[PDB]
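*Asks:* Below, each chain spelled out in residue letters.
Protein chains: 2
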Amino acid sequence: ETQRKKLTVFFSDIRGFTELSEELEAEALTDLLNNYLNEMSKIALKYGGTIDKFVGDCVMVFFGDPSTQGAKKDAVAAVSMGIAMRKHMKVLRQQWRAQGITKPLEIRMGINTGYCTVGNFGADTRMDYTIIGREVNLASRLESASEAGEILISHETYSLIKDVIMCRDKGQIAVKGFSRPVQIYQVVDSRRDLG
Amino acid sequence: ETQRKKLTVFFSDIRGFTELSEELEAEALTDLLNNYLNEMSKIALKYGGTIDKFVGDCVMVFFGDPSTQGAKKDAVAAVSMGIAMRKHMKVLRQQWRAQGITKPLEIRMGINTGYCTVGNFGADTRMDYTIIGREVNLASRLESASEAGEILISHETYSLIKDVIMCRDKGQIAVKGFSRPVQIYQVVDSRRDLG
Numbered sequence: 222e223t224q225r226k227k228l229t230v231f232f233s234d235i236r237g238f239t240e241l242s243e244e245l246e247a248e249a250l251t252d253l254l255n256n257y258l259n260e261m262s263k264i265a266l267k268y269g270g271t272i273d274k275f276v277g278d279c280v281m282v283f284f285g286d287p288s289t290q291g292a293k294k295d296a297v298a299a300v301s302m303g304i305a306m307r308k309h310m311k312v313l314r315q316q317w318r319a320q321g322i323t324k325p326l327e328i329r330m331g332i333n334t335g336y337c338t339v340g341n342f343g344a345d346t347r348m349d350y351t352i353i354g355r356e357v358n359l360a361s362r363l364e365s366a367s368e369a370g371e372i373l374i375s376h377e378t379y380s381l382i383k384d385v386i387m388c389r390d391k392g393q394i395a396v397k398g399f400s401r402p403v404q405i406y407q408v409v410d411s412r413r414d415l416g
Numbered sequence: 222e223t224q225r226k227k228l229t230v231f232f233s234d235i236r237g238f239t240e241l242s243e244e245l246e247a248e249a250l251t252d253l254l255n256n257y258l259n260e261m262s263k264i265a266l267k268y269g270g271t272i273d274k275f276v277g278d279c280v281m282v283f284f285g286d287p288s289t290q291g292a293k294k295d296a297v298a299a300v301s302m303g304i305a306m307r308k309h310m311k312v313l314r315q316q317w318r319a320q321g322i323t324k325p326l327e328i329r330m331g332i333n334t335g336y337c338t339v340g341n342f343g344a345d346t347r348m349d350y351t352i353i354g355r356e357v358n359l360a361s362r363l364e365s366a367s368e369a370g371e372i373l374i375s376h377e378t379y380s381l382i383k384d385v386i387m388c389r390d391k392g393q394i395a396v397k398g399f400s401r402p403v404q405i406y407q408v409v410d411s412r413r414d415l416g
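Keeping their order, the protein sequence lines are chains A and B.
Residue 377 in full-length UniProt numbering sits at position 156 of the first sequence; the count goes up by one each step and never skips.
Residue 356 in full-length UniProt numbering sits at position 135 of the second sequence; the count goes up by one each step and never skips.
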């Protein structure tokens with residue numbers, strides 16, 4: 222049964238991937254995307270996230286449902302997962318460069334925390350447990366605004382993580398579907414990161 | 222096994238839905254979204270489309286795989302499906318208005334035709350048969366650019382459907398990930414529509 226719950230919601234994609242998909246053999250592309258998605262899946266499991274879906278190279282993970290550590294630990298877990306994924310991308314790039322893939326590929330991420338609706342949604346032979354709401358769309362918009370290599374979070378997320386994860390103010394951006402400007406921050410790796 | 226194939230790719234979403242998701246009881250929201258997705262699914266089956274996935278109220282359908290009618294009939298089928306969905310939305314709105322949902326809700330759609338990579342993509346316990354590529358992203362971008370109630374298509378799609386479906390030039394738009402401007406058209410219902 223569908224509920225309204227405070228979640229931290231994470232989106233990511235690989236900048237450079239679409240270009241890569243127009244020049245790799247289909248089999249090498251399949252293996253590179255699936256390797257990536259499998260490695261990202263393992264990191265999301267480690268950090269306690271709920272993997273929602275993949276849309277090509279786009280990954281959506283949420284924290285706070287079906288279980289929760291409370292809003293602060295859920296947010297710390299989501300951002301720490303992103304820190305960890307960005308570090309693991311360096312490893313994957315080294316592996317890829319060894320297969321002769323040279324074109325640059327970099328993860329970007331958007332994270333927001335707020336109340337979301339969670340439930341089973343879909344058509345009768347095509348149902349999924351997933352989330353919807355403005356706060357879900359705000360995570361997606363942060364991801365769209367982020368630069369290669371950047372993890373962008375909203376002020377609500379920052380408020381939760383600021384004593385334990387190092388951030389830097391990146392101003393306020395124009396987000397379509399958002400009249401008012403939303404405060405954003407970059408997440409910066411530091412000595413006390415959880416991993 | 223993964224292949225490169227000429228597909229027509231369709232995306233849609235409901236303008237107004239995100240606002241609605243922030244004010245409807247979760248159970249009424251669930252029933253309204255699932256009714257919508259089930260009705261859209263039935264129309265895509267009727268027209269021969271392959272339903273890829275739903276992402277909240279966003280629907281993705283493609284034509285040309287696993288089977289094909291040839292590039293022209295695949296494109297005519299995808300646009301005719303969109304015409305039909307836009308007509309059925311009038312019915313759904315009348316039903317919704319009778320439950321006291323008054324806020325405006327309107328479908329928008331983007332359609333493009335071109336070579337795409339199709340295959341099984343994902344992590345080991347989370348695999349899906351789906352499509353990727355620049356031409357898939359161009360359909361998504363047309364959908365993002367479309368206005369409520371509009372079906373926007375690219376020139377490649379228009380080239381295929383122009384003798385049987387009535388269109389109007391809507392200029393060229395700025396599409397992120399696209400340097401050059403892409404030619405776009407609105408699809409206009411007319412007497413000879415297939416349904």
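If you're looking for bench data, these hints aren't it; they were derived computationally from the structure.
Think of the CB as a built atom: it goes at the ideal place given N, C-alpha and C, for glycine as much as any other residue.
Check the hints yourself; a few may be wrong.
What the hints assert, rightly or not - Computed spacing ranges between beta-carbons, pair by pair:
no. : chain 1 : residue 1 : chain 2 : residue 2 : range
1   : B       : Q407      : A       : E240      : 49 to 59 Å
2   : A       : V312      : B       : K397      : 21 to 31 Å
3   : A       : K226      : B       : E240      : 16 to 26 Å
4   : A       : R401      : B       : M348      : 37 to 47 Å
*Asks:* Now, for every hint given, state plainly whether the structure supports it.
*Replies:* Cross-check of the supplied hints:
| no. | hint | in the structure |
| --- | --- | --- |
| 1 | B:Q407 - A:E240: 49 to 59 Å | 30 Å, violated |
| 2 | A:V312 - B:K397: 21 to 31 Å | 29 Å, holds |
| 3 | A:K226 - B:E240: 16 to 26 Å | 20 Å, holds |
| 4 | A:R401 - B:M348: 37 to 47 Å | 40 Å, holds |
The structure is inconsistent with hint 1 alone, although it conforms to all the rest.
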